[PDB]
Every structure is written in C-alpha cells, then in structure tokens.
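A lone chain, given as structure tokens: the form deposited without the named molecule.
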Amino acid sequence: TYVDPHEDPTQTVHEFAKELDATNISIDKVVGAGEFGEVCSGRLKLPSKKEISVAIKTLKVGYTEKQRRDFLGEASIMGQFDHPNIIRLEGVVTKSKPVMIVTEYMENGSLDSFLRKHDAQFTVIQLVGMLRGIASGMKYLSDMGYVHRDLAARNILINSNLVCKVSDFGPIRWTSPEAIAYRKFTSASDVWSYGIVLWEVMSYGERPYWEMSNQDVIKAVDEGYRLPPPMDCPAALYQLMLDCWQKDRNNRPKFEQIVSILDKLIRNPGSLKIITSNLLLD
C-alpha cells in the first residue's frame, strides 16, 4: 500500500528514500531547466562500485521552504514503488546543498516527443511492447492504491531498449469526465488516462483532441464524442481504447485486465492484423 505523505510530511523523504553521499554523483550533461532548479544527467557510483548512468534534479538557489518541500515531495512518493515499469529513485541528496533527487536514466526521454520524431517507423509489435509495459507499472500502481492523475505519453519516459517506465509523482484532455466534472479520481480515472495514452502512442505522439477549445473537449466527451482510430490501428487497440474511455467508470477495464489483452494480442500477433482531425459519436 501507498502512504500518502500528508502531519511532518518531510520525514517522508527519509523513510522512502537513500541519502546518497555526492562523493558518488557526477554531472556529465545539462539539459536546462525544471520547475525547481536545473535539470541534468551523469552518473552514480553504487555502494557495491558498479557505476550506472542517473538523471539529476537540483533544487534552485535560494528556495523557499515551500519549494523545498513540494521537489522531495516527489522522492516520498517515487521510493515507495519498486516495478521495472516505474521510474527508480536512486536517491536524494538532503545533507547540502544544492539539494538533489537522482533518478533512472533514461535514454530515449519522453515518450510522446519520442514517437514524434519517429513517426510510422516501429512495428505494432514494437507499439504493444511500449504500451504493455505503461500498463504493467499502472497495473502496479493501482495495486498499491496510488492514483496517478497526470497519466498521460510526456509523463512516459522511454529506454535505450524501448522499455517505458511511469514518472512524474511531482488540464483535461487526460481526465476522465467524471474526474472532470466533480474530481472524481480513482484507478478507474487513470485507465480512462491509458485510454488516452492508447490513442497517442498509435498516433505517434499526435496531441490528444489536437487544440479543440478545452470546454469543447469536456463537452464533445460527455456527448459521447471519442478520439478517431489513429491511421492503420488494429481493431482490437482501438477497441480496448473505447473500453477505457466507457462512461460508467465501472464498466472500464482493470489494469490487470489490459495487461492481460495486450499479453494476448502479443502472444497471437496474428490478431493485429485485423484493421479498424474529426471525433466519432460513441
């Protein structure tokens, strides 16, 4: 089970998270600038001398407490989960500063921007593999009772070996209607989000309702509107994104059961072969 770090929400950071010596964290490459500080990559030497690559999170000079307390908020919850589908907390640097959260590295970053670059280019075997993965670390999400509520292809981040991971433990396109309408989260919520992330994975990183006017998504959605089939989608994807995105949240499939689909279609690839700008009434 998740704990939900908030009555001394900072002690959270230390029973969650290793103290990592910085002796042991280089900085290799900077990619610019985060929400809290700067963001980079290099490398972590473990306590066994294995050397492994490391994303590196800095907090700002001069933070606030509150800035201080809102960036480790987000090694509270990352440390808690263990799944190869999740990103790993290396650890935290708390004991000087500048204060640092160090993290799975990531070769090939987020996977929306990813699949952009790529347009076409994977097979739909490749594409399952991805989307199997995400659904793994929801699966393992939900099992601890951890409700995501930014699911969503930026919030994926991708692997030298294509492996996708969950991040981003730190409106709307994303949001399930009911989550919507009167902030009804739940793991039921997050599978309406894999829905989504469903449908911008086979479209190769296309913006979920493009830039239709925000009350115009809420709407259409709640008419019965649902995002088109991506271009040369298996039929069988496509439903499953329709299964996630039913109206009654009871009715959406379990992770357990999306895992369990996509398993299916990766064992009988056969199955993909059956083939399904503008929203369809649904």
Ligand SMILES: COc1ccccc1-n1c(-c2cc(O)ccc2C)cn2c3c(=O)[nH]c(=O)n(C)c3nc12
Second form
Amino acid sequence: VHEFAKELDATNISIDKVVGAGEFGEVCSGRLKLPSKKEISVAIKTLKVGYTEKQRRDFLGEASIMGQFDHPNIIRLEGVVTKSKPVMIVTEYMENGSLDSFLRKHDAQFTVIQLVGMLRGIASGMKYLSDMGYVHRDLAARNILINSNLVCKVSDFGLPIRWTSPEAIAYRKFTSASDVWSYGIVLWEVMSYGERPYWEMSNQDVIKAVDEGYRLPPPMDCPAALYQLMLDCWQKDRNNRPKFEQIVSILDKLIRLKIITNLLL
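One more: the block was the form deposited without the named molecule; return the form solved in complex with the named molecule.
Only one chain is given; partner chains and other molecules are left out.
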C-alpha cells in the first residue's frame, strides 16, 4: 500500500465536518498541513471502527490504485493514515460534491459550453486511466466529484447495471470500451442534469431493452452533436466505439451546437 501511498502524520490533519457516508465508514472534510507548511482542504474517507482484516485490505486497496494516478481530472490522493486510528484515505477537497447531486440542484441553470467543459474533464481523466491499463467498471456521475471552479475529477477506485456495457453485463467482458459505454451514460446524466439512467425500470428490462437496440432518448434541449456522441459510445459492437482520445478530441472541438435534437430503437 505504501508503495504508491504516502503515510500521513495524523497530527498534521484536522477534521472539520462529516460530509456523508461511504461503504466502509463516514466521509469527512478537513485540512492537511503539508511538509512545506502549506495547508489545504481535504476530503477524508474513514474506516469504520471494528473493521475486519478483509475490510481494511479492501478499504486501503483503493489507495494503492488511486496512488498511481497523477492527473488534473483524477481525484488526487494526499496520503493514508494506517499507523494510527481511525484508518483514513485523504484526498484533495471538492467543494461541489458528486456531479449528479450537484447537477440536480441546478436543473437547466448552466450553459452548454459549461456542461461540455465538465464532460471534457471527465473524458480526459478517463483517457489517462485507460492509458495506465485500468478499467474503472464503475464510471457514473455519482463517482465524479466537482470543485468550486466546476472542474470534474474521476473517483471511486473500489471496483451497477445501468452504467455497464451489454457485453460486460452478459459475460463480464470489461475493457476500456465498456468504460467508454459508461461514459456515454455519464454524458446522458450530465445533459439530463442528474436524472437517473433508465429511471426506475426493473434491471431485467434495462438489460433486455439495451440488448434489443433500445437507447436512452435525447435529454431536453440536447445538442445533436452530444446526443450522437452518446449513441457512438453505445455502439453494440464495442470495436465501433470511439477511444477516449477521440472523445477528448470531439469535446475540444465543441468547446471551441445550435442544432438541437421511453427508449428509442
């Protein structure tokens, strides 16, 4: 674990608030004093008291992965605390929380360029992720964090039917191309301002409908360019999906759209 993750001294860490709950324990916000004396805002995942050896290894497993990534659109690991308790994973702090709950609070309040900026960031982080040989398997708006300047960063490296490609659901064929499928769903989620993919359809129907060629409809006022991008990410043949590098290239052009567009077949 300490191969990629710096051990932090707990004395350099202040806890200021409880910002939510994770699988393994409370999530908190606070501050970290760095070796250079600079103080930064951090988010802190804590491991519940009374954890088992397996929980600890799985908890900290996320940090070993996260520690190998250094990119503006991947959540930055500051370090871990294992020598004292509670055990913690400490990252940079993201003021505006999860992308999906953030967007739900601001329905139709952003410009298309702003949304594209967010989408470009996610795509760039994923381009780096796939460059490093990692498959996320859980790419979802709720796993993207967004900061006070609206910069989006991929998180949650712990590993979800609605976000999973058809072939990954069918026989666990996870590749960067199934991540690209997931990105398509995230793209829908963003243009929908945090709407749940496939709403509350039963899982079997989401599975069958998608397998039959049915796709999420264009969100309200979605530019055709962004909708077609979703459809590309959702090609049945995974070899026909664009690579993250092309997705990044596509979004950089759109950032530099007037045409505006139950599942569709």
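Between two forms, the rigid core is defined as the largest C-alpha subset superposing within 1.5 Å. Positions refer to the first chain, counted from 1.
Comparing C-alpha positions between these two forms after a rigid core fit, one residue in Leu242, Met231, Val31, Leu46 moves 2 angstroms or more. It is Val31.
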